[PDB]
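> Work the whole structure out from these sequences, hints included.
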Amino acid sequence: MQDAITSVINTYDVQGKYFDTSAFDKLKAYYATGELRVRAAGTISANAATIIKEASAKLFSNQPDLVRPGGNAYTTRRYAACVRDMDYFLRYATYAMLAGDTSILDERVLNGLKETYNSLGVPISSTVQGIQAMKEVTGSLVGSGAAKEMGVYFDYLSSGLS
Amino acid sequence: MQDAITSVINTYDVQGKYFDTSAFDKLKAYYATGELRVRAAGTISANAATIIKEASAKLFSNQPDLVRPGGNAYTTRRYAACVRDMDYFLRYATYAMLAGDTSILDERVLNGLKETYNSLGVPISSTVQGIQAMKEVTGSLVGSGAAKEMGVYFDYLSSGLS
Amino acid sequence: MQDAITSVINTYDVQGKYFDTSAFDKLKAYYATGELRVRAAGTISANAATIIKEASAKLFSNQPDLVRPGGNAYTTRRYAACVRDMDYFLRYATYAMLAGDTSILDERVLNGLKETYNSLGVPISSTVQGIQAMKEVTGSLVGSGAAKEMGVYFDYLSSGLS
Amino acid sequence: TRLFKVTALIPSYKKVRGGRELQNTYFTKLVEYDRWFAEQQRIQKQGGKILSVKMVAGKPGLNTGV
Amino acid sequence: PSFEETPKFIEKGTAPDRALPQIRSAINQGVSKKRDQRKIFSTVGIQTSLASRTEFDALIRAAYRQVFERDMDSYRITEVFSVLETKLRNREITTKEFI
Amino acid sequence: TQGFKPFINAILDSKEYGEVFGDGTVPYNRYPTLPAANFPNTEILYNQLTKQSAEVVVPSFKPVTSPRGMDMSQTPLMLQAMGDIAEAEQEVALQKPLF
Amino acid sequence: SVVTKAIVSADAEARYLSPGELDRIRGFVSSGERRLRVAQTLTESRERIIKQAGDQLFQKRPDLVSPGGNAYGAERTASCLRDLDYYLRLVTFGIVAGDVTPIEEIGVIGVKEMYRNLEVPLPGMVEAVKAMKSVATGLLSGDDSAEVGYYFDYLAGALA
Amino acid sequence: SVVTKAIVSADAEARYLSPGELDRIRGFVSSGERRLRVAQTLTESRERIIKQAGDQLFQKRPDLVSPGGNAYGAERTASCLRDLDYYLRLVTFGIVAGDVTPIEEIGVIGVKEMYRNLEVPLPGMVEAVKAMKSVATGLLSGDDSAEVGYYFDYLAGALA
Amino acid sequence: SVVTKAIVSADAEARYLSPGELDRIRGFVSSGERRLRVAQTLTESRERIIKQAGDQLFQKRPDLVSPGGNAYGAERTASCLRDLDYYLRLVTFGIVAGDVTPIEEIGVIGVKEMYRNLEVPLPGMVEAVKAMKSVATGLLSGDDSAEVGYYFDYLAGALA
Ligand SMILES: CCC1=C(C)/C(=C/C2=NC(=C\c3[nH]c(/C=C4\NC(=O)[C@H](C)[C@H]4CC)c(C)c3CCC(=O)O)/C(CCC(=O)O)=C2C)NC1=O
Ligand SMILES: CCC1=C(C)/C(=C/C2=NC(=C\c3[nH]c(/C=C4\NC(=O)[C@H](C)[C@H]4CC)c(C)c3CCC(=O)O)/C(CCC(=O)O)=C2C)NC1=O
Ligand SMILES: CCC1=C(C)/C(=C/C2=NC(=C\c3[nH]c(/C=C4\NC(=O)[C@H](C)[C@H]4CC)c(C)c3CCC(=O)O)/C(CCC(=O)O)=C2C)NC1=O
Ligand SMILES: CCC1=C(C)/C(=C/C2=NC(=C\c3[nH]c(/C=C4\NC(=O)[C@H](C)[C@H]4CC)c(C)c3CCC(=O)O)/C(CCC(=O)O)=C2C)NC1=O
Ligand SMILES: CCC1=C(C)/C(=C/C2=NC(=C\c3[nH]c(/C=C4\NC(=O)[C@H](C)[C@H]4CC)c(C)c3CCC(=O)O)/C(CCC(=O)O)=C2C)NC1=O
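Quick mapping for you: the protein sequence lines, in order, are chains L, V, D, G, F, B, R, H and X. Here the first sequence is numbered in the deposited numbering, starting from 1 and rising by one per residue. Here the second sequence is numbered in the deposited numbering, starting from 1 and rising by one per residue. Here the third sequence is numbered in the deposited numbering, starting from 1 and rising by one per residue. Here the fourth sequence is numbered in the deposited numbering, starting from 2 and rising by one per residue. Here the fifth sequence is numbered in the deposited numbering, starting from 693 and rising by one per residue. Here the sixth sequence is numbered in the deposited numbering, starting from 841 and rising by one per residue. Here the seventh sequence is numbered in the deposited numbering, starting from 2 and rising by one per residue. Here the eighth sequence is numbered in the deposited numbering, starting from 2 and rising by one per residue. Here the ninth sequence is numbered in the deposited numbering, starting from 2 and rising by one per residue.
Please keep in mind that the hints were generated in silico from the structure rather than gathered at the bench. By construction, the Cβ of each residue, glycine as well, lies at the ideal position given by its N, Cα and C atoms. A few of these clues could be false.
[Stated by the list, open to error] Taking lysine-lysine and the DSS-like style, the derived pairs with C-alpha atoms no more than 27 Å apart in a straight line are:
no.: 1; chain 1: G; residue 1: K16; chain 2: X; residue 2: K131
no.: 2; chain 1: G; residue 1: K30; chain 2: F; residue 2: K731
no.: 3; chain 1: F; residue 1: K788; chain 2: G; residue 2: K60
[To be verified] Taking CB as the label site, the calculated pair distances span:
no.: 4; chain 1: L; residue 1: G143; chain 2: B; residue 2: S900; range: 51 to 61 Å
no.: 5; chain 1: B; residue 1: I848; chain 2: V; residue 2: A57; range: 44 to 54 Å
no.: 6; chain 1: B; residue 1: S900; chain 2: L; residue 2: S162; range: 34 to 44 Å
no.: 7; chain 1: G; residue 1: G59; chain 2: X; residue 2: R35; range: 53 to 63 Å
no.: 8; chain 1: X; residue 1: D12; chain 2: V; residue 2: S45; range: 19 to 29 Å
Written out as structure tokens, the structure is:
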């Protein structure tokens, strides 16, 4: 995985170029948002269990069939695995938010995820709905400025799964 | 693995046959070539670093983009891995020539090499070019008959990669 | 390990007290010494290989029999191990000086060093002489004030070894 | 029997490592009985000197309960 | 004028022109960055269990994630291996015996 | 013949485990360069999530004992040896009495 | 502390501290007087903070002090306020140390098992520490309040 | 990078980033503009630095450009100065990244193998790197010179 | 030696030595007499080999004995020749052993760290070893030169 700094470093390395004005512009842009990202990351970390609570409550309210018998989230085991997955998504979305890059989402989360869910019978659309629900809860938690920029990575996960 | 002796043994073991005159003739032919094979192996072993240096020099002279920034042999890791693969090819070609049999080339070199390189983005045509440069360098050092013999194993590697 | 601050925190936790004037005073003492400690640690970090060179040169000049055949520092492996151990002692003394407490020396360096050296046959007296030789060299570089502070941890290592 | 308490020193000969290795050379560990032959053989093959081995859990000479 | 030509070392190290599709593939070509973007957990400390509790705990959870491919809190691995973790912390056993 | 625990012990008591991981480090993906095909197979295994696939990545290794054709008896130095054995046989023949 | 974390990070890679770690240690030392002042502020108002936090906790969670609650009765309510006092002292320790290490190794490691042995509900703990966050960070200026709120939020997320 | 290192560590323990890691990233991000200024200063003078370092190196080591030397000739001297340019570029990348990781990952691992295959003398490389360090620390102030010399010393120690 | 390698390979498989391994040991003991003759020949020509090897090294690399060189001075040049004598003794040990294992155990493991600490240039080592190889092979016949030069080649590769 690469953060924004290493993203610029890697593009200029594979082009064999020294940093030009555009590179320093992107680097300034990353450094300018670093406090926002760090504060949002700390807020999300302190309230991770809460976010999972409201997001799973919303997902199971809108889709009661998931946790009733015959649903993919019907057992204590499969319910716990669903909330574990939601914790995965929140934690890695916070990683991507801190890094300012979606590379970790491709490398560490989305790789093999669709085929694994298809192999397990996990509903992918319902998982996308749960990810969206985490998006609204986290946005309500961290404020609009951080909300949009966390939503970038949430919708990246949603699009990668869909 | 197999050598010439083991190959004759296996072909007479599948038939449940004791050795005939033909098998003894094949064993005599290998025992006659053994001295030349050991001479060529010792020469190659003494000169492996020279061969790798020269062959990689021709390869990177003809394909300069491999060592320009962004090329597959551009970093100290990837250059070192490239010359390490060349050393591997030289060593296993020497093993094969000393055995008189290409089974080691399939078993310990060619098995999964193509999709190893394809999963890594290693160019296969440039690897074959490196192998041909290595063959040309080795032929000059081992002498005409040993050059023809060593070309067989280098060409086996090149054809298996292609 | 614990530093000076963690030592004060632990001594106040054991008695279940909030910080009083004396605790804040000891803290202020540490933050007063902090700049000196950081400067000395950086100086040693820049000059580690050097300090090791003069320390080993002094040890072997004063005790030449250690490196002639029959000495425990006679081989490339054993000489390399000797200078490796001296580099470890310097690095951990620097850690202890920066922390301001000698717990790291007992926790990491001295825990089991007697058993290991005596079973291997490493002479303790010569290693202590090497500690003193390293201390004398380091004091010349760090500065007059920081020299005594670093010597504190060097004598701690020596007495633990002695 | 079921448990040996083994104190062993394993020196290094192959190379000098950047890692400290004070962890791995002089050690004491608890190896269960039917692992001890393999463990002792491996320690001897690495070049170490087994300093001591002790009974801790079981009773020597017992037939059942092994 | 005093013309100042481009130095030869500039041209000796230039890269072929690459659009974004080639830049992306040139970044991610060889062995994956996971090979060097990771932590290797080992029992470097020989001090008692009282201090460096957190690094023992991290090593234990790393052992769980390596042997079982992920966290296994749903299966109560901590209480299943509580005696084993206790022996690891007080250094009765090594990492290999824990594994 | 022995089941699961003897099999795990056989892995962990191997020389390879002792040399690579010793007694202190948690195992990890090694990205092994050797032997041939170990890298792709290991990467397929380590790029899969838990329960991602139940298929066997390495069912077995295709034997290389015998190929089809390419006898290598037409090999030029083999041809030279077959020429030389004729000379040796002829010398042995002339060793016999002339009559 | 911050210094200990930097030293352990350097030791894991077996190297001397990089100029980044030394600059971080310099910044930590330069912030020492301010953090001792913050800790002294929170320490001198220990009783105010503990009683206001306990009041808010019981207002928002009356079931704790109702019959069948873990804090019902005089002695149980006293030991509740006593644990609040522990956690406040741990927060001051973390403030002076510059990290959450004192809190982590005195009050977080094994806290779930300890409150499971005592029937102490963890939502009650997180609500108590959030009330104590509000009460304590009310006393500090913005720069002090945010930095103390980091420790309080870490505590709340660790209990939850 | 510092952020990448923090995220990799947090991912290893499968946890969120600690307050200490967040404070480390806060410090690294606060110094971003200064490090960008240092890197831009080095970048604006790549040609001057490379030429002066080459002159100093070949005065120290006249044999490398003598007939039969490794850098003998215009094109081989150009390849030598190009290697110096590569390492200057990696040093600037490391300056903006905040650690030696770009230098480590592009120009250090397997560098002895590469130069052994190129029959390039390692002490010559060490002299060239020290020459670059002197020239480049010349163009900076006292505060920036130490930080840049840290990366140069790392590279030099890696080469020998 | 060869016997020790055969024994450890057999013990790795927990077996007795195969007829092939026994035949290998038989060939080894057959070659032992020629090996001792070669080692005796190099042992007799101690001072010659050291003298010409040192002279060729110092003429080929005057910088080592020149001011600022690592071997400047009578005592440092004496230490240089002493190291050459060490390595020639190791090569004799390798000749008797039949392999480079004694050279490996006494003078190759950790040699780079030793010469880094001593500030000894490794290329100077390689050139001194090549000069020793030339003198030793010259003092030998055509047959002995190959097997003796193999050990010097291994040693130079270890230093390089
Ligand atoms: C960090 C990257 C990563 C991801 C993303 C990941 C997903 C993942 N989810 C799994 C199981 C599961 N995941 C779910 C989640 C579903 N339940 C409901 O239907 C929802 C629609 C939906 C969640 C919102 C469920 C129910 C299971 C249990 C499947 C089973 O055991 O049969 C598994 C199988 C192994 C295990 O349980 O640990 C994986 C690998 N694993 C990873 O290593
Ligand atoms: C980004 C990391 C990286 C590095 C550093 C790197 C170095 C590198 N230097 C090379 C050649 C060279 N390198 C040098 C430099 C040496 N000459 C003197 O001896 C000096 C001691 C020393 C330089 C200070 C020379 C002279 C050559 C030309 C070799 C020849 O023409 O035979 C080559 C061969 C391919 C080519 O020239 O394009 C590489 C790959 N490659 C990389 O991917
Ligand atoms: C980070 C804390 C730590 C330290 C410092 C440490 C020291 C240490 N030194 C060792 C060996 C050694 N140590 C020495 C050094 C001595 N020989 C000479 O007499 C000198 C006077 C003296 C050094 C000043 C030597 C020569 C050996 C090799 C012994 C052997 O041949 O087995 C070993 C055995 C394994 C190895 O060789 O790597 C350890 C573990 N271990 C640790 O866990
Ligand atoms: C003995 C049989 C055998 C072979 C040959 C083999 C090759 C092999 N080459 C690899 C990587 C590689 N291989 C190359 C080879 C070069 N790329 C350049 O473009 C050239 C065209 C080409 C050589 C002439 C490169 C650049 C890498 C990348 C190394 C990295 O990413 O770190 C890897 C991945 C593991 C590693 O690098 O540690 C393997 C397994 N493996 C085997 O078991
Ligand atoms: C048996 C295996 C073994 C070896 C090889 C060995 C090498 C060795 N060489 C040393 C000194 C030395 N060695 C040299 C030799 C160098 N001078 C020039 O650069 C030449 C390139 C080169 C000689 C060919 C010099 C000059 C010193 C003195 C170092 C000093 O005083 O700074 C020392 C320091 C102790 C002493 O001086 O007695 C050792 C341990 N030790 C061993 O136990």
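> Does each hint fit the structure? Answer for all of them.
Checked hints:
Simply put, G/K16 and X/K131 have alpha-carbon atoms about 25 Å apart, close enough for the 27 Å limit, and the pair holds. Restraint check for G/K30 and F/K731: the C-alpha separation of about 26 Å stays at or below 27 Å, so the hint holds. Annotation: proposed proximity of F/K788 to G/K60 holds, straight-line Cα distance about 26 Å (limit 27 Å). Judged by the Cβ atoms, the range 51 to 61 Å given for L/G143 and B/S900 holds: they are separated by roughly 58 Å.
In this structure, B/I848 and V/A57 meet the distance hint of 44 to 54 Å, their C-beta atoms being roughly 49 Å apart. For B/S900 paired with L/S162, a C-beta distance near 39 Å keeps the hint of 34 to 44 Å intact. Between G/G59 and X/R35 the beta carbons are some 58 Å apart, a value that agrees with the proposed interval 53 to 63 Å. Against the hinted window of 19 to 29 Å, the Cβ-Cβ separation of X/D12 and V/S45 comes to about 28 Å, which satisfies the hint.
The structure shown violates none of the earlier numbered hints.
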